[PDB]
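One chain follows as structure tokens, the form deposited in one PDB entry.
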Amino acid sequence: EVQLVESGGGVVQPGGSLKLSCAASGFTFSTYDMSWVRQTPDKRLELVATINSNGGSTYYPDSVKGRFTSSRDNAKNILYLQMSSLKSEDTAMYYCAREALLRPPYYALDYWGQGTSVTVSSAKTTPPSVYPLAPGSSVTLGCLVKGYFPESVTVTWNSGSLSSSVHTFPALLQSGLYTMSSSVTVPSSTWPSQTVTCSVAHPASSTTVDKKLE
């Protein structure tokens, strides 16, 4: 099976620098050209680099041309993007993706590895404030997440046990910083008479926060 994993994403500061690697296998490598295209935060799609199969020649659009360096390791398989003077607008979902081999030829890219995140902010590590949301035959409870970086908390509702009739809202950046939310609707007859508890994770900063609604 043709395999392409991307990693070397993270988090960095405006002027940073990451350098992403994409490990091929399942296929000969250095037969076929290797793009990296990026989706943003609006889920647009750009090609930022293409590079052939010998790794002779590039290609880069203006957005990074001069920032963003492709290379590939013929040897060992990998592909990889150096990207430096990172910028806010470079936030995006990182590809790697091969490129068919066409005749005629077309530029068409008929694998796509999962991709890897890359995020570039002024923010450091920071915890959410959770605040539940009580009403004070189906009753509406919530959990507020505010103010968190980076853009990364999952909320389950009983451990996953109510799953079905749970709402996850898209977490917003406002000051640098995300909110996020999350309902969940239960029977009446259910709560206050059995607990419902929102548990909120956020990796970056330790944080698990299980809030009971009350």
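Numbering follows the first chain given and starts at 1. Superpose the two forms; the largest set of C-alphas matching within 1.5 Å is the rigid core. Compared with the form deposited in another entry:
With the rigid core aligned between the two forms, only one of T58, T40, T31, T154 has a CA shift of 2 Å or more: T154.
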Second form
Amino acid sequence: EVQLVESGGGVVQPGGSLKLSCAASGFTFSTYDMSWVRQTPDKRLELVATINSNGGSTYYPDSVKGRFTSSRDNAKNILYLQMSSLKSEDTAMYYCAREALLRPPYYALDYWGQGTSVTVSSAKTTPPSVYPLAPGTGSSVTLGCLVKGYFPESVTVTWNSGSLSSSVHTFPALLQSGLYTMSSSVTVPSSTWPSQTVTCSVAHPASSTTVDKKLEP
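Can you return the structure of this protein in the form deposited in another entry rather than the form deposited in one PDB entry?
Just this one chain is shown here; partners and other molecules are left out.
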């Protein structure tokens, strides 16, 4: 399967610099043009870098020309975006994407990564606290994890290695005086818990951190 995995996002001071990476696999990467696209908090999208298969040709729109540089390593199959002189408008989610070959050959992006978050800010990186939510019933039991006091954005919550996805609700974070809090729930048949253990797994890429909680009382 095509896999594109962004990393390197996090907080950076206004005027600061970041390098993003995109680890590509499952297709013949050296043979495809590659783009970086960003999604700002208003959910608008903007193409910010294209690069051809061999790396010899690069494009940047006016918004970031001079400040952003793309590269690729065709042996390791990794794409890069070096950013500098960052400002609030660059605060966004950044996606790496493969350029399709189409007939006719319109420009289009047929696979995208999941994204890495860039927050332009003076504030400091803080890992989350992860508290399990259990009851003190009736055939269905709803469990959760509270993810409190982290920064910057983008945390990721999976339950029992992603096998319980169907009944999972994951809630957007809110900013409460500089820190983010979010939560996730899962609902399961009341016979299966506590007789089978449930584990929430919480990642904060920006701090290079994961926390796994068993659900208990």
